[PDB]
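Shown next as structure tokens: one chain only, the form deposited in one PDB entry.
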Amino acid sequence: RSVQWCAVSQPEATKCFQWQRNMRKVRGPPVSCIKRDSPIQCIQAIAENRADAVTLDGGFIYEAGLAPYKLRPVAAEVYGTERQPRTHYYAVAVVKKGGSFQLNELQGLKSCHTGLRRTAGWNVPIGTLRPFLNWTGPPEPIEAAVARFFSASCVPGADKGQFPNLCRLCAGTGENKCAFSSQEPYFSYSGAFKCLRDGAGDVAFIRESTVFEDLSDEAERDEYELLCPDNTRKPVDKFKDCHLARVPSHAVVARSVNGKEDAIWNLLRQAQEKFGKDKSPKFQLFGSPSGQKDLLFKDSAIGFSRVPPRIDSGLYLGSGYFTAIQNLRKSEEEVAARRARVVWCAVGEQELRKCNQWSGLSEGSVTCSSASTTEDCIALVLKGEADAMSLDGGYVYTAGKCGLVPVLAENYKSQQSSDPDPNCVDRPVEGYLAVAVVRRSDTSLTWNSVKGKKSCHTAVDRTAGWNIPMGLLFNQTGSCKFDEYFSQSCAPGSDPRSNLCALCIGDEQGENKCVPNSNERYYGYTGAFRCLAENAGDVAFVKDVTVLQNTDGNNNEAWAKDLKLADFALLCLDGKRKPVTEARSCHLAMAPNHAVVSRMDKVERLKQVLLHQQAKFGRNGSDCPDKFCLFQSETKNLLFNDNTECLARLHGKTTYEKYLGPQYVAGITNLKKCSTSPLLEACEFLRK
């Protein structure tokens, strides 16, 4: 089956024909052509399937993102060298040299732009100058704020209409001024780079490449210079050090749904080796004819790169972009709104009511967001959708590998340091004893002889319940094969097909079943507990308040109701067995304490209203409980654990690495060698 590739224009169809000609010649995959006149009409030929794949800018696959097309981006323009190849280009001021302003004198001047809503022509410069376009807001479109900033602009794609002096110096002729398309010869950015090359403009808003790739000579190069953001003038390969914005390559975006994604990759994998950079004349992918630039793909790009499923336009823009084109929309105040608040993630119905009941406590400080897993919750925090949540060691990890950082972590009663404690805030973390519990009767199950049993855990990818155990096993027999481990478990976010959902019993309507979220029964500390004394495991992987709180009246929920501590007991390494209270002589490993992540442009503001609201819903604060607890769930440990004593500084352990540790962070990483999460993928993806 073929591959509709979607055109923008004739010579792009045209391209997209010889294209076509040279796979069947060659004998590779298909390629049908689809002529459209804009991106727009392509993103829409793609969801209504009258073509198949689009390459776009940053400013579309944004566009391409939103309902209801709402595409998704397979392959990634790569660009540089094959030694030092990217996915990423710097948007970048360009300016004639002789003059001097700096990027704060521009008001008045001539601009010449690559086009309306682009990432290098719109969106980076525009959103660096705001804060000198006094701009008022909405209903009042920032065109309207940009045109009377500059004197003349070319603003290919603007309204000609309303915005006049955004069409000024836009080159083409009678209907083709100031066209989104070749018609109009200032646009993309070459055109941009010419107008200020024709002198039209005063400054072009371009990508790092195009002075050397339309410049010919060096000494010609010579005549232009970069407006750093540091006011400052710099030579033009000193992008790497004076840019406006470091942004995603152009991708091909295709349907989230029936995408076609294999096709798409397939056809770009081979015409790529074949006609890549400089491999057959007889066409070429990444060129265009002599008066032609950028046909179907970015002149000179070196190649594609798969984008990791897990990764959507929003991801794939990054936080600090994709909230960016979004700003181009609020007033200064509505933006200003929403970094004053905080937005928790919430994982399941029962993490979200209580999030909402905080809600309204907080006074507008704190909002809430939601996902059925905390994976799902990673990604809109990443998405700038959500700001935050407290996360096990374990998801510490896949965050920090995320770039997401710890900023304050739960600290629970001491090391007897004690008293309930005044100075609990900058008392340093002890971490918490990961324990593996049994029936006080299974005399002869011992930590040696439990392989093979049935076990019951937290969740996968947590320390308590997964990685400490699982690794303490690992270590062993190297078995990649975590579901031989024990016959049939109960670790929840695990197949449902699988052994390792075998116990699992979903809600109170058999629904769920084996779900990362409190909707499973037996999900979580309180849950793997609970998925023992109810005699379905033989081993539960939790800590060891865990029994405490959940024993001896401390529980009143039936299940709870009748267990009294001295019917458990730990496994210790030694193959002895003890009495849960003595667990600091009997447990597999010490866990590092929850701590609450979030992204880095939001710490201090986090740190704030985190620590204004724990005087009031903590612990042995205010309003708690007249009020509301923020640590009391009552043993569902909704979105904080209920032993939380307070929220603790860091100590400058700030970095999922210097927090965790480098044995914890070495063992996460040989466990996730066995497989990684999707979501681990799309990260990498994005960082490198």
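Numbering follows the first chain given and starts at 1. Just so we're on the same page, rigid core means the largest C-alpha set that superposes within 1.5 Å between forms. First, how it differs from the form deposited in another entry.
- Of the residues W344, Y397, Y525, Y89, just one CA atom moves 2 angstroms or more between the two forms under rigid-core superposition; it belongs to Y89.
- If you fit the rigid core between the two forms, you'll see the Cα of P156 move by 2 angstroms or more.
- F541: CA moves less than 2 Å between the two forms after rigid-core fitting.
- Once both forms are fitted on their core, a CA shift of 2 Å or more is seen for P30 between the two forms.
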Second form
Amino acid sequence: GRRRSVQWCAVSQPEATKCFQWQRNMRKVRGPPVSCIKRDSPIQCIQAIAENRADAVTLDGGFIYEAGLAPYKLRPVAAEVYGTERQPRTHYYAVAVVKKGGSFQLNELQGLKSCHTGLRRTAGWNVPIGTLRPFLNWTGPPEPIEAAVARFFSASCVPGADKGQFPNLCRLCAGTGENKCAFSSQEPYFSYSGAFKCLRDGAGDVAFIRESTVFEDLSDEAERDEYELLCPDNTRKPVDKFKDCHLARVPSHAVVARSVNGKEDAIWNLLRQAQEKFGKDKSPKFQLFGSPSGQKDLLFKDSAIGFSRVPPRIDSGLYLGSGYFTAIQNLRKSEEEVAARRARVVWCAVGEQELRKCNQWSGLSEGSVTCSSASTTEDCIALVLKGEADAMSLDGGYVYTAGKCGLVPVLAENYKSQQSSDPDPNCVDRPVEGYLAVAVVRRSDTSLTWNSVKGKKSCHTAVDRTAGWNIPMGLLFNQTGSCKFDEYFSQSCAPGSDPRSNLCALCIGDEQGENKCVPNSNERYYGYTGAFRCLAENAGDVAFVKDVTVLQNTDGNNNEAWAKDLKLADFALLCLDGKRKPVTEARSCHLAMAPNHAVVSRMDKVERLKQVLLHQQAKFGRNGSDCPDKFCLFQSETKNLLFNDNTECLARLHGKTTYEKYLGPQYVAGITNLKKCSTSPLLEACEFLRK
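Would you generate the structure of this protein in the form deposited in another entry, following the form deposited in one PDB entry above?
Excluded here are partners and other molecules; the one chain stands alone.
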């Protein structure tokens, strides 16, 4: 192959015909060319694109899933946009609606009565029943789900269900005579309005519908407070909290392409152009969105009004979201895979050394903890979003991002009250107090102060971390108002930065010079320890770390040759008033306070993760029965792997159960403004998915 044209795949003769029109008109107006191939089915178009016989095709959620699998590995590159300009819909939410009053939760549905939009529909069946799979007592695909579902609810309306085999599923349906349980408007409990009316009517205890149906069928904003949602965390909430309380986010159909040499640029150019010429109400000569009489949704849905470009970080799993993703997954898995995956905790390790420690923990954990790994923190967060991993300990900076992505904090790393402090048997309930971010210098140059730090050489733990980045660059940002972070300092090591930039100039990679500036421990200047090393080995002039870092690495507290001979007295802190103080005085000479690192997860895993963690820490923590004679969760000899080495225990949050509450408005205000200057791939991905 290797042409200039985008080759589109059609799944029908009618579609093929519209494609040829398209091609005709693009050549007419001198826009990017589009060519056409035809197949008999969506999966045939997915094969063709994988095999380079085509480039693009529009798919729904179910086919986006299949397309992401091997041996296809396609990804969404552009989404359909619905609604109107200034009211565009890029998705909706599968929510569970019950009446105001009850106290039963998502986990206590067994025996109740249910209203569904219809058999094998997304919101009404695929998502709810995939979510409830673990409770469902279902052998596996060998036997039909309907049988188990019928054995779970006492009665349901599920339009289209086989009233012969599964009469229970049809009991509450309102159709007359043989139209009872019909997959059609002749059954009043059909589709979104139907199943909701089925709830309103007292027929059912729960309706599995989409968020918009409530405000659309409900005329007054007082009718709606008689209804709430069931959340995956097993709470209830009002109907307008769907953004935070939903079974699934159902995304718009998307154009998919291959992840390797997808021609994504050509495809987007095409769609952008086509949309501007033949988009909605742009030309009587040809209509991108619109089908001839008798036809519907050829190539694109007739209700589309344009396209949104999918951020590059986003693959099929991320596009669909953990709720949707895992529900589809659950419907294909055995009861064994599903019970096992449910009970196990998948930690995400960042880099090879963390994975090694994790795998050690795993081995001792009595099956309750397993490992996955990625090469960056953001890559781990995406694994958790996809349900391929469950948990990890994050810097406050990453807690923010994880939070925008819909993750929640679970427990916090508790540090000792002061550097000088006795053991506290009630650590687990001792409220976190944060730690001090400091700027550390060598003592030699007495002329260096906070006021002369700009234009010098800097050592940072990593981009987007709190003490290493957000705090110092935030401070600098106030004073100068510039978003030119790569110009604050002449040269830096700031892992996670562009390897070309000045920001990576001082980083040294691993022993072979590989992995320069990668934000994991392969980079020897990474993290608290690495940033301090960058200063001690004289690469940088200032290190942005925490106050305990210098302690942990001087006066023989670190074994490594570079650190063994370092004395406390050879380092100073830069105070914001231009003074210099000894490191023992950080309390009165720090940049700012920083929030404790926290363990984050998905809502669905929170309770299980708590239980496993408190157990594991009872065994391997500082008061550990198996620590140190077997294994210590909170030790890595000045390496801070998985957790910070100065963690006393993992402690409860005392209601501070969202990232906003845990970090505080102040902190969140500050990062928010920071992010104006620039953002990360995952941050952009997650704002897209919540747009």
